[PDB]
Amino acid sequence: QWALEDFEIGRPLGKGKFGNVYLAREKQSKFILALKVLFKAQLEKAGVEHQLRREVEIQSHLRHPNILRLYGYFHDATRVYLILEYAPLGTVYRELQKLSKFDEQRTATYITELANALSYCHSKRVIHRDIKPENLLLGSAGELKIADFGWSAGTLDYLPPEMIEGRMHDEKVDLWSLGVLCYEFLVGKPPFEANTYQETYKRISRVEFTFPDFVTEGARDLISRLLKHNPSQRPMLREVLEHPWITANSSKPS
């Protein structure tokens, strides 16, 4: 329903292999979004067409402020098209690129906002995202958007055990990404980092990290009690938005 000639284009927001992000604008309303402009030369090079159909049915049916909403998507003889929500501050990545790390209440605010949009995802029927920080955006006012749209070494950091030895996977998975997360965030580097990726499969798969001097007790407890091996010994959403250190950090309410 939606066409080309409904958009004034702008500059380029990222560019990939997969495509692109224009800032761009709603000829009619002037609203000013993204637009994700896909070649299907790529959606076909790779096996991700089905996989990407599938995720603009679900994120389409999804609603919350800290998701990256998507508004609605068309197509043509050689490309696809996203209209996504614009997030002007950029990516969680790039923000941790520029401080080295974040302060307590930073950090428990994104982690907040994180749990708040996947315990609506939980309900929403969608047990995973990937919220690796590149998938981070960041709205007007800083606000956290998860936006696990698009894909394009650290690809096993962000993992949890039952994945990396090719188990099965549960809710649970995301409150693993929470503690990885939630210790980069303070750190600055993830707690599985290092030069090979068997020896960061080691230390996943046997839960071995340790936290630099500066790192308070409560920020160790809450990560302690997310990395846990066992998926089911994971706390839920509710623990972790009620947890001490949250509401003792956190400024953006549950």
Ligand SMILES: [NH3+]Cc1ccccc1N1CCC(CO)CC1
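Throughout, rigid core stands for the largest set of C-alpha atoms superposing within 1.5 Å between the two forms. Residue numbers count along the first chain shown, from 1. First, how it differs from the form solved in complex with the ligand.
- Core-superposed comparison between the two forms: the C-alpha position of residue 16 differs by no less than 2 Å.
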Given for the second form:
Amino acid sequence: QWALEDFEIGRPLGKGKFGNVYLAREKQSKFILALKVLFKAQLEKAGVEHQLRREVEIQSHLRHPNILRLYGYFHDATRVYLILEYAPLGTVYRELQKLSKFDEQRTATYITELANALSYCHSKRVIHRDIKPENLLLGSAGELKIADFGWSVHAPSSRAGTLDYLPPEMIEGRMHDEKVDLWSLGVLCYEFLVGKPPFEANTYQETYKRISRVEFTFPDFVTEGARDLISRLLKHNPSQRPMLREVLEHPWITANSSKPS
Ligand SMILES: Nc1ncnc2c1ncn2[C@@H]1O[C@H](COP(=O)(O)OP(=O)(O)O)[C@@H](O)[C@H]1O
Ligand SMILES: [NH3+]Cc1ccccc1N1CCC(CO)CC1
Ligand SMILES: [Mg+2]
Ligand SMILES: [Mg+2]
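Having seen the form solved without the ligand, I'd like the form solved in complex with the ligand now, please.
Zooming out: every chain and molecule, the one shown earlier first.
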């Protein structure tokens, strides 16, 4: 049904590995949306057809205020097009670059919105596996929305870029489950408060070392409550990481967040 002819294309919203994402408006309805463009030659070369299929099937069926909607797709012999909800206030990544660090209230609020969306995902046994600031978008009221389900799957499971958000079991090629998303949640909470992720390093090889050893320290300004939560999430043993419910009910979260479970 849908074809390129049905849309007017506007400015670039962002660039991805395969993805090149544009603002667009549907001609008959004037509906404003985002069009994620992937080149088939690059998809075929990388051999990532299967995860593109996953992205469409999993994201199109999820329904949650804190998850970005996917409406449909089409393709045209050189390109695939994913039709997405437009997020008008951009990425959390850009916001972090602008402010350098978030305060505790802004951080706890984002963590609550994230944990709500992840709780909904895990109840359907969907694990996201690529939670990071460039994949977190902001709606018209500044609410957080998880996007980019290009690495998502069903659990249990086995398995090019940054190691910074991945847990030890995943970077060691081992087996993993839902608890990978709780680790990434810990990494994010730290990066929000401090301005850089806790295992950041100059080379791949050494980042790998800091992650497998769980080697991180806190700057003085990080408070006791934040330290307690982050320390609970960044556990080497997956089974020792908390349930999302315990994250949403953590004293530091409840004291500082401006949104409910
Ligand atoms: N719906 C959207 N609204 C606004 N900006 C978006 C939207 N989707 C993607 N972007 C921008 O484009 C970038 C790449 O999108 P993404 O779907 O994450 O591609 P990739 O799978 O290649 O990472 C994002 O980091 C963001 O800057
Ligand atoms: N049919 C489009 C296409 C072209 C080239 C490579 C992969 C793909 N898909 C990804 C999306 C899938 C949704 O069903 C269909 C297969
Ligand atoms: Mg992305
Ligand atoms: Mg992707």
